[PDB]
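Asks: Each chain is listed here by its residues.
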Amino acid sequence: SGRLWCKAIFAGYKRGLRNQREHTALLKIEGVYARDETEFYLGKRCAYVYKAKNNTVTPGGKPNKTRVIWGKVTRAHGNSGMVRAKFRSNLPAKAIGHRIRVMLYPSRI
Amino acid sequence: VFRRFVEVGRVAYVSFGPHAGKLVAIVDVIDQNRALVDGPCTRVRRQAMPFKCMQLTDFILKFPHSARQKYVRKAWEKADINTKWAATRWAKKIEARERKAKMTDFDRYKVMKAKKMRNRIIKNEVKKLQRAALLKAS
Amino acid sequence: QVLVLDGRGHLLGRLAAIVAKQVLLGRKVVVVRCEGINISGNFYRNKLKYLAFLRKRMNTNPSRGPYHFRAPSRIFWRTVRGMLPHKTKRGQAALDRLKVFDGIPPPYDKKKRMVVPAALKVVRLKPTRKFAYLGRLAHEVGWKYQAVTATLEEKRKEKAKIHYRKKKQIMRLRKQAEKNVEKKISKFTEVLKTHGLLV
Amino acid sequence: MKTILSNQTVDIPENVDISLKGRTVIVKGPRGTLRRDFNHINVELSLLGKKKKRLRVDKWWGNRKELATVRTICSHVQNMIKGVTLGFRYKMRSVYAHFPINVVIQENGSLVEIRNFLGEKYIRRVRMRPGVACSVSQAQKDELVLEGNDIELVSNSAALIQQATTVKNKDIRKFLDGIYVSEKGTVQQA
Amino acid sequence: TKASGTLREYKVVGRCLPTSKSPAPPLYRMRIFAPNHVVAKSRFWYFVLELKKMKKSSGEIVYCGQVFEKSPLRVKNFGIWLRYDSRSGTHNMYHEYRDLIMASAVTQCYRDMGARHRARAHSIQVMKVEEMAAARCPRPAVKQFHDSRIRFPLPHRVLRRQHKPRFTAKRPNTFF
RNA sequence: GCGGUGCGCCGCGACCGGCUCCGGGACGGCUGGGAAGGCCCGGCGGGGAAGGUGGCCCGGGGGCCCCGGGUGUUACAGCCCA
RNA sequence: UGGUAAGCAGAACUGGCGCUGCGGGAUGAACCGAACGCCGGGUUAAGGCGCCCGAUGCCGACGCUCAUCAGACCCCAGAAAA
RNA sequence: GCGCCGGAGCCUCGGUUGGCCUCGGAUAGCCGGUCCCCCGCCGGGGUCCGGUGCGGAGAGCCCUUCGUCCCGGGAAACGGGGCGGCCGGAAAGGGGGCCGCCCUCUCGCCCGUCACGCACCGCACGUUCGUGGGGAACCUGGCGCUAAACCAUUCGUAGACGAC
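Protein chains in written order, with our numbering: chain A, 1 to 109; chain B, 1 to 138; chain C, 1 to 199; chain D, 1 to 190; chain E, 1 to 176.
Check the hints yourself; a few may be wrong.
[Claimed, not checked] With a Cα cut of at most 30 angstroms, we get these calculated DSS-like pairs of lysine-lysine: (1) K56(E) - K62(B); (2) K187(C) - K84(B); (3) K102(B) - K175(C).
Calculated directly from the structure, the hints in this document are not laboratory data.
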């Protein structure tokens, strides 16, 4: 019926200043604005869902145009409730400031 | 304009820090921006407390400016502060905030279904009252 | 899904710091009443800082030089532009999303405007310190449309007031159409009350 | 340091009545009403007793700069009481050597024009501030008389007339000529 | 030194290692307001080398234990005597603070000397710390709290936790 | 079926071990064999003084009500000594 | 050491650059941190944490200061007597 | 062959996964209710009464849906659904309010009975705004419209050439 994923804004890459490391991604999950509010989301699965030109087979039914890069929340990042995540192939940099889905189902409740 | 004053013996509701949620009786003023407060009947051990971390109420319990804990426990139990505190609208909407936070998934389903029907009946009577608002002149 | 920020009583850099980061995080921000924006320090000082900005033009051809935009919206817009990588695409795609307006235009007159309390003059200045309005600063440094904006914003203040009055009237009728219904929503309210939604 | 409390009270006479609206003080009485808005000064104004005979101004946790803004307010409201009961009147006298000062009142007291100052053909138009009325004392050689309620309007209007008459590119130790504030009083005597 | 956190009062007693000329050298005591024992024992040797001809290698530290406050729930006045280095000469001061602990009043003193005079931990010497009566204080910033029927409001309560919404509908209240 | 090597492609789970970052409990030692504090206003005796409670005089706030000052050591509050 | 002084000329000692990237100092042969095979996890140094720009969006502590030329970090990048 | 409307296909671009329709504003003060009073075309003063760590609270509010058949109870009739006119909108006009009738149920909301539906045999891009945006084309209906620009020629208020 309704939505089954929290909304994480892909902020940008794991980086210093003059040196970024693309293997880790920094997520900003909406609502959670502290380090003592982000224990729940540690270990959860993340999806960058996009759609592209060609048809790609779907697990569960018909070949659609939609595609995924599955990730995983690893750590808390800094003092004001941001999150490190890591994806099966590195996320594309066109995705910066775009929506990715924080799932619930490596569930700990 | 000011009605609530930092006095010797005014109660003050601590908002954040260690004892967030309890009531302390301001005993003595250390400096401009820190105070000495006692909360025996409310489980606050006597200590120094900053003025920033207290939202002060409107109860005054009267004792000298350096009395020990026995005589502020006396004045608390006498003046009946902890029972009079729960009477206030303040303590009632504090009590309500925690219940809404505590609310379960099944409780969230039950509250949705009751509010729906409360809204539906108010949506009727407000429109039936705007008939007698309209027809008096027009 | 659009932020409609009011600008009445907010400080230039304080507000522009939060608008710059929120619009880099993919939001669409709309800052209405850009002339209400305050600046810390007295008026004379703030005017002197703008006139110093005016003097900086390209010596050989001012057609290429720094464009000294004068409307309070465009002053604020350049102040947000300062806090962005505007020479790169994600800095341009950010500025594209920000929209600014002198007074309040029509789609946003009939909306509730949010307030940033982290960038608000009452809570970030002392009550004793001096400050200057971006609207008056714009007018004295060569803005033309201060006289028109005052009368047009006074017109919607009259319209919105009459509306607000008509909403007070609806609330008193909901206030009456609950108290007449006291006998038949006494069961429904109880399970709202025990979950702290009406105490 | 930060002084815990600085207070000063104004003792109000019977025939006037002060009304408080936040920091706006309204003084009504025999010969008019005066409103002054003190929203810039940041103090607690309070109105005590029956008849409302007394006005407090309190400043809590103010440093030496802010503690100066108390006797100021008590002095303003005292002049506001004096201006509503007894009024104000600033007598200005004309001094010259050769060329007399011809004083002509136009627009029923609001305007006054200054004729033959130091043999000038140029005739000076100075208007008074709203609620100040000019007049000439009868068979007194040269003295103007401003009358009004507000001290800050009557004084500024008298300063406009004094600064209007200036001796440019000359010695101001020789040519002492001009219209100077002789004596500051009230309209009605006590 | 570097006055990190709240300081602690230490009782550091010391004496010269006995030689042949004197087998019983006299014991000397000192009050060291310092972050811990390891700095308290170094600042002991600083003051001991300046008053006496006694050194670290020419002596031993007999006892260095933390002095506790005997009434940390009473509000006291603390008159402190100073000796600090300006950018031209050295100056002695007398400074009153109002606190429950002496070590709190000495930390409060180090912050006030740092704030007003730009004087740092290595510069400041503390010679005398005495708790005073309410009638024996010459400074108006500390005396004004000698009022048994004290009353003041909390006038302009600036809103803290500004970034809790960050995006509110209403303007915040100041009058409470 | 018992052993060996593998998955056509895309996926998930479980337990074991190494390295890590954390969270929650519970036990004990020392000190001035902690400093204060709480409960018997601990009960007794004597003192002392002020950020002075009772008791009284002042200026004032009303139809007789609380303030600010004076006096001084227990009273219808209390604090610190030996 | 010579010269009024010099991003000047000439010495002693140890360390650097030259022969050498890396993180910080916006920028820079020499400063500060630390020296490098190709990678994943962890954590630090010296510096940071309004936005650019990773990190204070802590309900951080105590003061100081208003500048019609404020002030704002080794080397260091513009000041004195009064 | 063009526009204004009344089927089934294709390419290609992507983001998205419920809505908030609004006082003005003060911050050493606010907010909502009241009757005596003067301006003004039903506002806005003094007056009384609540509330104020904002509860007529953005820490908020509104919506809320697995679907269908049976019987009841509560709650609706002054209701739900779609028709032609009745009145507005200019700072970047904006899709709404209200009545009749042409209009058809008696369902819809909330407690309780009654059985059902690929019960797809532990598993991933689920569920939306979507009759989205942009373009080549094919149908089947109506209603409508038949123009101008540039070159070429001429001019000389213009002019290197263009341009004018």
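Asks: Please list, smallest to largest, the hint numbers that this structure does not respect.
Replies: Of the numbered hints, just 1 does not hold.
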